[PDB]
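Q: Using the sequences and the accompanying hints, generate a full structural model.
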Amino acid sequence: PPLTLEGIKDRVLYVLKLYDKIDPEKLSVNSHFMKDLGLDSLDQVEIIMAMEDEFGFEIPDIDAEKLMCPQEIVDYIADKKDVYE
Amino acid sequence: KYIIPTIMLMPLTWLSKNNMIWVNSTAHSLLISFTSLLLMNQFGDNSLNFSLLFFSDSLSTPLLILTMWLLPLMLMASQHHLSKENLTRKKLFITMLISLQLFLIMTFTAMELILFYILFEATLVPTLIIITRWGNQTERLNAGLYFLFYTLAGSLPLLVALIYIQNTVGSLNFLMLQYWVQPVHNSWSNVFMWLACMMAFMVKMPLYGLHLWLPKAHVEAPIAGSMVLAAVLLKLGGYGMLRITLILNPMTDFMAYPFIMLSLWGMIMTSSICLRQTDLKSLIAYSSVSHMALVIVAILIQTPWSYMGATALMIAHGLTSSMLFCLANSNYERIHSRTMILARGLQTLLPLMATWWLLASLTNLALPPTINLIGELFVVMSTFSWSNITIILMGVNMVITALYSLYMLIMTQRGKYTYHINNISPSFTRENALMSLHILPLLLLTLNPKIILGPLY
Amino acid sequence: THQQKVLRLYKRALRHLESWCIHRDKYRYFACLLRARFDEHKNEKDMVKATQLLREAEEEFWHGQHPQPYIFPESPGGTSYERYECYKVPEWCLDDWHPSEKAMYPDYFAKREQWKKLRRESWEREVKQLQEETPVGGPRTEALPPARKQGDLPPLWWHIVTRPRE
Amino acid sequence: XXXXXXXXXXXXXXXXXXXXXXXXXXXXXXXXXXXXXXXXXXXXXXXXXXXXXXXXXXXXXXXXXXXXXXXXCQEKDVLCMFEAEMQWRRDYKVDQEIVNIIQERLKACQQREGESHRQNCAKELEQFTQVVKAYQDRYXXXXXXXXXXXXXXXXXXXXXXXXXXXXXX
Amino acid sequence: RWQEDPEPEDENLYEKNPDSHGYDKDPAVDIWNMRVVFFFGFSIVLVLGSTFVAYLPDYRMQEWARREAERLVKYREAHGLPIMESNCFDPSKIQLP
Amino acid sequence: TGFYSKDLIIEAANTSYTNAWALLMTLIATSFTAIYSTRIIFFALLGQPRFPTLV
Amino acid sequence: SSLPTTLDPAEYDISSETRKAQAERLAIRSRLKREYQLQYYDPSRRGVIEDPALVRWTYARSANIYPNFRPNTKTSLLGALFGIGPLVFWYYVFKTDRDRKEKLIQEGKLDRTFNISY
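Residue numbers (PDB author numbering), protein chains in the order written: chain U, 4 to 88; chain M, 3 to 459; chain n, 10 to 175; chain p, 4 to 172; chain g, 25 to 121; chain L, 387 to 441; chain m, 11 to 128.
Keep in mind that the hints were calculated from the coordinates and are not lab data.
Keep in mind that the hints are not guaranteed to be accurate.
[To be verified] Straight-line alpha carbon distances no greater than 35 angstroms define the calculated DSBU-like cross-link-like pairs of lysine-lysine that follow: (1) 30(m) with 137(n); (2) 84(U) with 69(U); (3) 86(M) with 418(M); (4) 137(n) with 418(M); (5) 84(U) with 418(M); (6) 120(n) with 158(n); (7) 137(n) with 120(n); (8) 136(p) with 98(g); (9) 418(M) with 49(g).
[To be verified] From the structure, some residues in chain M lie toward chain n, with a derived Cβ separation under 7 angstroms: (10) 351; (11) 423; (12) 426; (13) 427.
We treat Cβ as the ideally placed atom computed from N, Cα and C, and that holds for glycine.
A: Here you go:
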């Protein structure tokens, strides 16, 4: 199945909103999970595991440290899967 | 009829202009190879006689046809190599290959032990010059020195052996004359008489001991992977073992019993080393020890079945191993280092060559009957009549023959080639021609190899 | 890198939990049980006890270590299509297209000539930019991003900025 | 023909007693495929036979008999032994193919009986044991590669062992 | 330092310049060599040559002995008593002692 | 069609002069057939869907 | 072969003097990487590069035959026991099989009735 740039912004946002750890008004698209959203150190690995399982689970531990912002996490997932031409 | 067309190939290269050369040397050798298949294939009840003994006849020699088949095939492979060198040296080189083939025609046709031996050693000098010059790697001189150190120290004992036999019993000369044969009574004086006749063909037919002669000649290759086919002809050049064991000493073969045992570990331990080695040419060089060890096991048993398998294996190895060296040539001309780990990846760059890789590697194994299965299966069935325990030793070899072919395939099937910027062009028209002209005669011998495995068949 | 050691052990614990359990509701129950274990001890600062707990974390993880782990999708190594469905023809093969055959689809050939011209002209600037960023003798582990990026072109892109896909 | 043993007579006749259904489907196809391409190939074979007309005679196999055996020619001589070596080799090539005919007779024994196989025949298995045993003890089978001089030594070795056994018993 | 030796050569054309070639230097001669005379030896010696490898050279009495054995089987069974094999080469020769 | 293949093997094997332990080992395997078949049904097919996808 | 548990999170120093040594590992790694990176991303290259680590790898196996093994110790004699040893081993296997076979031919016949081969 084909994946688009609008599809990556829709699937990741729906998975983040369903987590119930953060409010829908608190995190929109650019609000970082490290400080702005209000997530713990254990929650950062939990959110990364949930977002990977929804789309395509291929997230290494080395890239998990770089993945902090949801806008950057959507871009890193699109880069590895080679989505949106 | 085979005297003075190869000698007429000699002035052809010198007289022809600088623009041509390669066009004349190949075309005026392919029609000569056509005439060998036209005339030599005829046989009566027993061995014939074409002429008076300058060059004699054929008894069990379709191996002569193979040399005539490689008469243009060596010129096919050395095309990218020797393209930047001097034009006078090109004329000098082709004549040296012709001279090798000239003496090779002589050795197979001449049914002597005296005329055969001096022209068997007349193939040593041209190969020495071909190895020690145009060698791409350093320390090629060790490949040159040991080439004449191992061979001549074993073969000069033939002069003290062969002349000794003809001084006692008639003359060896005509061979079909030599049926005055008295049975050897197994004495201590006859011990070294048997050994001197064998040790000359224990070097060119590689055992477990005295086998270092072969891989050094292949690793320090004469030319990339082009003149290695002449060294394949030197492997099958030890066909005098078929004639010496049959005629000179049929009774005393108690001394053959340790030599089969020495070559039995020249099957397993020579195949074990051929698993980890880095050089792609050496992975053919050590595999060529084991396939030619099969003949040494066979001949010394002296059963009629072994001769059928051996004569098939001499032709089988001459077209399969040489084909593998052409694949090693195609990889070396692009990367310029024969490291197996570095040169990794087919189909991504070489799609058509990958199918030719299969038709050359799997022939080391016993495929649907080409000539290799027909060669091997008769030998294994001959060893059982010798002793029942042999197939336990022979069965391990059947496992590592798969570890020959598939390991050559897998290390080239792994699609990566990240560091490689070269090998952009797939293959030349002459490059794929080498892959066809080696494999299609093997494919034609699948149908009826009656005129291949023929010592009274 | 003690913070990385806690995160890597926790990431492995979650993806190994799914192999032991069967249903999704049971997976959530055991994950919250794991959250009760790790969050309670991370709150206070420990110098010796934190490393002692991490070495004790090897146990339980080793008692339940191999039930064949659920590496279901296209994961690096392991099982089930690690580097598969890959023809992966490099850019080196894309230059050696034969005449009277490379004429087919001219838009791909015309664009690639502009990409090659962009790389050949900017390589001298990339060598100066890449060669400029040096601490002393050799680099201190890491890539070299563009500092004075006026026009464009980072120092070192072709394989990184030209992947085959998947 | 003649040299081949063959079956005595082939039986089988159509019964068709139980049920009607659609008769025999194999026999209905046998009449169908007889005119479909079996008749066309028979017509093409007849057309090729008619187009032959004039044919070469070909005098078949050459005779060449006796020419004195190697046992008769006493003392080693190259002129005398050469024709004797050819005579022994020609017989050895024939004796190889004699076994092959009786080998194919045993192949016919297996098929033409099928169910019985071992219990019946009785003649083909007995004829095989009469020839192979004679081939094993006289025509090499233990004397390695073929040689005319070695065969005379092998025949003398069997004769000396038989004479020593007959005189004692 | 050698002051004469450092002069490396690395030139592999293959496709760059001749477009379609088997070997370097002169494209007109190359088509006549790599594609014509190589393939005439590929056609005559392999296809017209195959009618000489196994196809009708008679070959050491392989088909001759079949017609020879068949007439000898019927001869020594109808007229003779032993089945084609009994004693080899020596009928009542000179004894050993 | 399992009755025409598998069940004729088990019934014939019971009446033999051969080893009893070899027969008893095969009899556990005939009952073992039902467990792995349900590991395709109950685990992969039956129950709540466990396919991890947004769509 | 590994003896206890699979070594990955076991036996390590807790951020002591090893941290300075671990930082040195990346320094040499990047030093060989940067010279590789400079000789890769240029379009005017065309050709497989050397890499001296793999050249010395081939030299370690193919060469170093007589510069090495100049102290021929007792371990080399133990290697020679695995050398000549198996060749002399089959001498008491094949001969014992042959003397079993050859005695069965002469006294108490064991030869096959339908043996036309060999």
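Q: Can we keep the residue 427(M) interface hint, with Cβ of chain n closer than 7 angstroms?
A: Status holds, d = 5 angstroms.
Q: Between residue 30(m) and residue 137(n), is the straight-line Cα distance small enough, at 35 angstroms or below?
A: holds, 31 angstroms
Q: Can residue 426(M) be said to touch chain n, with a Cβ gap under 7 angstroms?
A: holds, 4 angstroms
Q: Per the CB criterion, is residue 351(M) less than 7 angstroms away from chain n?
A: holds, 6 angstroms
Q: Please verify whether residue 136(p) and residue 98(g) have alpha carbons no more than 35 angstroms apart.
A: Judged against 35 angstroms, a Cα distance of about 20 angstroms means the pair holds.
Q: Does residue 418(M) sit within 35 angstroms of residue 84(U), going by the straight-line distance between their CA atoms?
A: holds, 19 angstroms
Q: For the pair supplied as a hint, residue 418(M) and residue 49(g), is the alpha-carbon distance within the 35 angstroms limit?
A: holds, 33 angstroms
Q: Just to be careful, I want the Cα atoms of residue 137(n) and residue 120(n) compared with a cutoff of 35 angstroms; is the pair within it?
A: This hinted pair holds, its Cα atoms lying about 27 angstroms apart.
Q: Mind checking the CB of residue 423(M) against every CB in chain n and telling me if the closest is under 7 angstroms?
A: holds, 6 angstroms
Q: Tell me if the straight-line CA distance from residue 86(M) to residue 418(M) falls inside 35 angstroms.
A: Given that 35 angstroms is the threshold and the Cα spacing comes to 32 angstroms, the pair holds.
Q: Compare the distance between the alpha carbons of residue 120(n) and residue 158(n) with 35 angstroms, and conclude whether the hinted pair is satisfied.
A: holds, 24 angstroms
Q: Given the hint that residue 84(U) pairs with residue 69(U), test it: the Cα-Cα distance must not exceed 35 angstroms.
A: holds, 17 angstroms
Consistency note: the structure conflicts with none of the earlier hints.
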